[PDB]
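Before any questions on binding or motion, here is one chain by itself as structure tokens, the form deposited in one PDB entry.
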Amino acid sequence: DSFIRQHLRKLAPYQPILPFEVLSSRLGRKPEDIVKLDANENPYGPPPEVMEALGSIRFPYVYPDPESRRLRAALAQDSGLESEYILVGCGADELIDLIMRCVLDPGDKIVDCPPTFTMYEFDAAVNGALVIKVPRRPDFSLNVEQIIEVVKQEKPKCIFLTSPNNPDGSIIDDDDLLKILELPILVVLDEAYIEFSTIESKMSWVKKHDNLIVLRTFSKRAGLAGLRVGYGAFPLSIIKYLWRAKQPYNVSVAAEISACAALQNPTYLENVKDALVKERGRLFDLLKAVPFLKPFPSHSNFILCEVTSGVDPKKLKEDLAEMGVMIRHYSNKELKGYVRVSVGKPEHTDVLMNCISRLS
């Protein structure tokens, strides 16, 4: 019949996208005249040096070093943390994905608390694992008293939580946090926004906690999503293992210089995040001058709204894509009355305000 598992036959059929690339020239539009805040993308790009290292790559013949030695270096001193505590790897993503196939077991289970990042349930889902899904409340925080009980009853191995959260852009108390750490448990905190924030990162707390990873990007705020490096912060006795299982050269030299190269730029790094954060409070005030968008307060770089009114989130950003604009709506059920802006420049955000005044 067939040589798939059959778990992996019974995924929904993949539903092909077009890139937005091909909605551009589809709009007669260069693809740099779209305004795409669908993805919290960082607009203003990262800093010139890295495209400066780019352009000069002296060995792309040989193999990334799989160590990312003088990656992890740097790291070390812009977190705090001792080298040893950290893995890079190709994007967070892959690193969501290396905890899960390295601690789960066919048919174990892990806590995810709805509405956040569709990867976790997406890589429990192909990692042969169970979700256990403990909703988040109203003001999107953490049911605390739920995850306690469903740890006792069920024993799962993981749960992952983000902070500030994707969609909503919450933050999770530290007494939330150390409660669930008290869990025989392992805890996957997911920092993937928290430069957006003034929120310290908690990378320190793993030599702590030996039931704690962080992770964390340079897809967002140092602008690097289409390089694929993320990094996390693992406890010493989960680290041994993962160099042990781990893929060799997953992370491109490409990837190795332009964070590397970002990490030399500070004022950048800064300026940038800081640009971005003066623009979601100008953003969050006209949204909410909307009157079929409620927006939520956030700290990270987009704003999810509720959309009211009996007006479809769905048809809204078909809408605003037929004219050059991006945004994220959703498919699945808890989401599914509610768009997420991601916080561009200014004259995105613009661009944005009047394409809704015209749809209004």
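The term rigid core refers to the maximal set of C-alpha atoms that superpose within 1.5 Å between the two forms. Residue numbers count along the first chain shown, from 1. What changes on going to the form deposited in another entry:
Once both forms are overlaid on the rigid core, the distance between the two CA positions of residue 26 between these two forms is 2 angstroms or more.
The structure above corresponds to the form deposited in one PDB entry; please give the structure of the form deposited in another entry next.
Here you get just the chain by itself.
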């Protein structure tokens, strides 16, 4: 006997990560003495305009703009896409869930391509949808032929596709995306890490494909993960319904103000992106030399390593955490054989390699 819906009674929970203040208690270290490479956060922080704006919020006691129109105007200029195509969310996480709750009736089907962002499987479960897993190949590329086959057989309503992918950082070729867009399915391209690549954003494609959505975030390159602000490009025929169903005030005044302030400093954003891309190469080479790690090529701000040579990947992550360095390990069957190392400052890499050298 419970008021809870049946499909939620055995829901597998999401496995989130924990911030510095909580880690400090668990690890017995001050925050400045913890190297945190488990959530793809930008260790340089956001542009200095952000903390100046956050400290001078004029109307914290007034509800935010339900249309986030100031930020959407800035995103229209930034992206080259008109503001009528743009929604802002409490993170891109809000938009992932919003799409599912507006498109998937209970029992509808969604395609997922693991190993990938585990939020898609979680959100599908919360929304009562049924996941069709079409695994990526060993090089993390999409199996386009099998996607076509399952779409024909089972008529799923949507597919989420990360590029650069989390957790390996590989990109989806234009021709693969175009082949999938020919299918009668809603395609959600998640460009959370696109700024770390030389590939252009496909936001503009939504004007030519009424079955494409493109999602973006301020949480990674822009250094605003704590403030919860993301956005996306949507076809006009979809966005009109999403506006009606979207919660009025999930995008806070701090979120809108911080994102607008970050966009005032393109030089800072480019410089921190370039520093992280440079360190990614140095980190890759250092990890490759470790005998029990096999890193994969990446276009993001993280490097995935297969853990080899009989080394226990979970124990590796736990041992490193005890030494003060956090990397990411997932328990999902598709991911548990890897660890994912975010790119930080050069000194963060140096601490990680020092800790690796003292293992066992």
